[PDB]
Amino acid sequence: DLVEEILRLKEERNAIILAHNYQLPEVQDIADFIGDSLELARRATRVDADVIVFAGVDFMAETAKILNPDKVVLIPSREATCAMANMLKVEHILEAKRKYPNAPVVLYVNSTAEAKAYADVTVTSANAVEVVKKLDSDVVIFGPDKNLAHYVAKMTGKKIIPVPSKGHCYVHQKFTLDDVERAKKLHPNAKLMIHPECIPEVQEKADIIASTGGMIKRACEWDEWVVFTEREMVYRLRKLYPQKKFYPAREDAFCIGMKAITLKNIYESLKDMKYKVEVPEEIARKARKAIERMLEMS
């Protein structure tokens, strides 16, 4: 019984389990806190636990370690990785900076810790517009997601240069205008909640544009929603609001990296104290500073 074993080991290890909204239902069901990556990392800084088991992808566990350097942070599989974050290389940032010497570098939190060390400021989907509006430059380097960059450009009026030029999340890139039309045909009383990682023409059809935390916040505004994000978010929303109706926008919006994590490797993570997440000191210090500037600018 993996659940019973996990619960006992969590107590033995003085551990907290943090799960991203895209984790499998059986993982969400054993987590202590569920949410998006930055919010989970922040909430753990106020928790008296010795060990964090991060049920999510590598950059999320890295952010938890950056903000909780004094805790052991475990990732259940090193194959839990983010294809979008991995598209942004330090080279891309430096090459972009050498080309636009006066442009600030704004890093979406969905990005490696190493990339964060070169950012002037980080952003979440929820604070990206307010942060970028406060930058003096009308030209901004933004990464790694070109679709979020386009949304920020629209809402700020600034020129936003995506780094890398084609950075994107393959899960969110799948959604199309045909998916929007089908959603309205199959669920005519639903409103559309759309992640800003979706393509701009799909963003324009949204009733609300928000990442997963904002979807949870704004779900109270209507009783039926079609959800344009990774499909496990539907499970999360149905558990939060059993009185509402939620429908996935697609049959295939599946993040392979998120689903590298299973109940069995959460058990093995606590049993064997693996896999330990470490962040080099200089990267961690610089990544912290960009995050702190984000919170001051928002």
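Rigid core here is just the name for the largest C-alpha set that superposes within 1.5 Å across the two forms. Positions refer to the first chain, counted from 1. What changes on going to the form deposited in another entry:
Measuring CA movement between these two forms with the rigid core aligned, the set 83, 155, 177, 139 has one residue at 2 Å or more: 139. Comparing the forms between these two forms, the C-alpha position of residue 189 differs by less than 2 angstroms, with the core used for superposition. Relative to the superposed core, residue 217 shifts its CA atom by less than 2 Å between these two forms. For residue 8, the Cα coordinates differ by under 2 angstroms between these two forms after the core has been superposed.
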Contents of the next structure:
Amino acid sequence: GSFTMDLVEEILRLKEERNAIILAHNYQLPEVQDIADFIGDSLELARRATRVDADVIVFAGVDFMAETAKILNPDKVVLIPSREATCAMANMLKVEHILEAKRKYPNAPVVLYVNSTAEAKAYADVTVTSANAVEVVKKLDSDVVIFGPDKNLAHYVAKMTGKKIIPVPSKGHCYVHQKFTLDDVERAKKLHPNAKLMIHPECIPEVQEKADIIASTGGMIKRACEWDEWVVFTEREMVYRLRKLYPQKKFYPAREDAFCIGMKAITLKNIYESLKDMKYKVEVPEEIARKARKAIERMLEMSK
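Please move on to the form deposited in another entry, as the form deposited in one PDB entry is already shown.
Below: the lone chain, stripped of partners and molecules.
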């Protein structure tokens, strides 16, 4: 025929030529999810980064996720397709906040959400995601923990563990999940009265309290078998992921306008350019990476 390769076919060829794997988060654009080799939540992506056979990881996700992959694979090439694929919440936490909390509470473990810089993780005893924060905090040998950046996840963890949570920084939150309100709950239950509500713990507490399930995006997928219709209180591309996994169920976005700008910095074109030009190489200074790795490895040890 007269036709050549499209972007998809160019990516498939370059993935072979580079001996690469494409890891994608659940919030990636559908056409990006459709070319990824592995799709998952933050915890699943971290765990998958410990069994990489490929030489090159193309990370279709935000900065903190790609850096976590690099911390776990210091001697592989990790590429982020855009350096503007960033998490607003992760960048709210600075080392100075951690040091001030550690001064007040020297015996409190420092528990950092994976939404954090590698520099911040160098001061963590253990990392967590929304999938394992409760389990990890419950197991830590202290009735008080320093925890951040997300104050809404912190609220959920405090409620479920009964432990005292010292927030770092004071007001960390995700603007995407803050778009969900009680009015969205009322509208969803009116429009879809037979649906159950799956709600991310980055949503505000009063919205969390309306959930049928509170879960990470990975837990939403794991627990979707519990009902046939769901309203999805997280970033709207999760609806595509759930529909692909369970075509027989019904999924509805809680808000179509719940979009993560950083996630959508990743495009098919820049994934192609990432493989073609071997960019942008993610690097983490060795001293930071080794300390961060200790905290991430401990997380993986404490939650299977």
